[PDB]
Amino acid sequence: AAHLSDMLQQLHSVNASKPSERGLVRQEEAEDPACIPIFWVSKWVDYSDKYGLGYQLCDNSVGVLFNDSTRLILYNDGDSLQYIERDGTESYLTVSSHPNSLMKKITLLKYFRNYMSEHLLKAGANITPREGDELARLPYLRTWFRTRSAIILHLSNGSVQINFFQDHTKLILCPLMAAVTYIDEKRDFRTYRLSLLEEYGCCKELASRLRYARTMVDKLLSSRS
C-alpha cells in the first residue's frame, strides 16, 4: 500500500513527462544496471480452479498462493519453509521437520514445483540479480490478477511485475529504487531509473508499457483498499 502508492506516483510522474515525445530521445542515458532487481518471477502456473497459483522466483525458490489466501514458500535449499496465513501470521519451519498441520500444502507445493521445473523456461535466465542481503527476507506473492494482455504479480517487497502474453515482454517495477527493468522480445534486459527516463526519454514501446503499468498499479491499489 505504502510501496504501491509510491509506485503509482513514480509512474504518474514519468508518464506525465511524455517520454516518447522528446526531440532527442536518449534512452541509454537512463539506464542504471546497479538498480537491477534482486527478485522477480521466473515461472508461474495457474491452478486457481482447484488449488492456487504457483510460482518460482529467480533464485529457484518456489511459492504458492493458495485459494484460501494462505501462502507457502520453499527456499532454494529445498527444505526451509515460510508460511503466511491470511491474517498475516508468518512461520518458519522445515519440510524435514514433518509439520503435521502443513503436509497437504507442502505436497501441493512440491507438485507445482515439479510441473514448473520440467516444462517451463526461466524468465530472465540471462541475468545475474543484484546482490542483496541474501540474508534478508525472501518476498512472497501478495496478490496477482490477469488481463487479456498480461499477468500482474505483486510481491511483498513492493515490486510489481507485468508479463505481456502476446510478445513475451515484461516489466519489473521496484518502488524502492524508483526503477523499472524491461525485458524485450529478444530477452534483452535493461534497467532504468524512472527519474532519468523523464529527462532523457525512451522509445514508444517502453512508453506504452509504462502507461499500461500505471493502470495496473491503480487497479492493485483499488482492490487492496
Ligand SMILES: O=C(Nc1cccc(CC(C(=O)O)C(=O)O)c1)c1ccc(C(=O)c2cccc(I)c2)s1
Second form
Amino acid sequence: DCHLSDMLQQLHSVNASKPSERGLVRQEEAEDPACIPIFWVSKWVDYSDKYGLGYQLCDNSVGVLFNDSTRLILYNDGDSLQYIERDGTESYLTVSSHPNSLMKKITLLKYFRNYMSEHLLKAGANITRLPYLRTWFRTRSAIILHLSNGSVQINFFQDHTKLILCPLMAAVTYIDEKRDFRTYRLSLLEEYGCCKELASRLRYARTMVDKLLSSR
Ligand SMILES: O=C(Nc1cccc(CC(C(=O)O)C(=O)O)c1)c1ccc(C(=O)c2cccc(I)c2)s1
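Moving from the form solved without the ligand to the form solved in complex with the ligand:
In what comes next, the whole complex appears, and the chain from above leads the way.
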C-alpha cells in the first residue's frame, strides 16, 4: 500500500466540492510553493510488448520497469545502479563492476537511456531517497505513473498536460499546455476554486487512482 488510500480522500474531497462552479474563483490563492515536487517523470518510453517501461526522472536518473516486475535504476552519475526485485527487496551495484547477473538488463536500460536523450524532450525542464516506478498503465487519453514515494503522475497525450499528485503534502502540481508549472494545495483548491480544465482532470485523476486501487 502506497498512499493511494488517502490520495483518493484528497481527490474525492476536492471534486465533491466542485471547484469549477464557484462564485468567485481565485485559483492563484490556492498555490503553495512549499509543496513543489522534488521528483517527477520527465521522459518515458513504452516497450511493454517486449521489455517494459523506460523513464527518466527530472533529476536525470533513468529507470526501467521490466515485464517481470523488477526495476533497474541508473543514477545521475551514470554508474550507480539500484535494483528492486518483485518482492521489493533492494540491492546496489555499479555498471563498471560489470555484474554477470544484470548484464542483459543493464544493456536494455542503456538503450532506453539513449533513445530518451536523442528523441525525447524534458517535460518541465525549466524548474529547479530516489523513488522508482511502482506500477503504470495507459488509457487512450493518458499514461498513469505511480512512483514509490506515493506520488502519482498523469500525462495527457492530446495536449501534453501533466498532473503530479503528492499525497503527503496533500498537493497537486499542474503543467498546462503553455508548460506552466503551478503547484497547489488540494484543500485550498476547494476553498478558492479552479478553472473547468483543471477541475475535470482532478476528476479523471480520481477515476485513475481508483483504477490503481482495484488492480493491486
Ligand atoms: O540503438 C538502437 N537502434 C538503432 C541504432 C542505430 C540506428 C537505428 C536506426 C534508428 C532510426 O531509424 O532513426 C532507430 O530506429 O532508432 C537504430 C537500438 C538500441 C536499442 C534497441 C533495442 O534493441 C532496445 C531494446 C530495449 C528498449 C529499446 I528503446 C531498444 S535498438
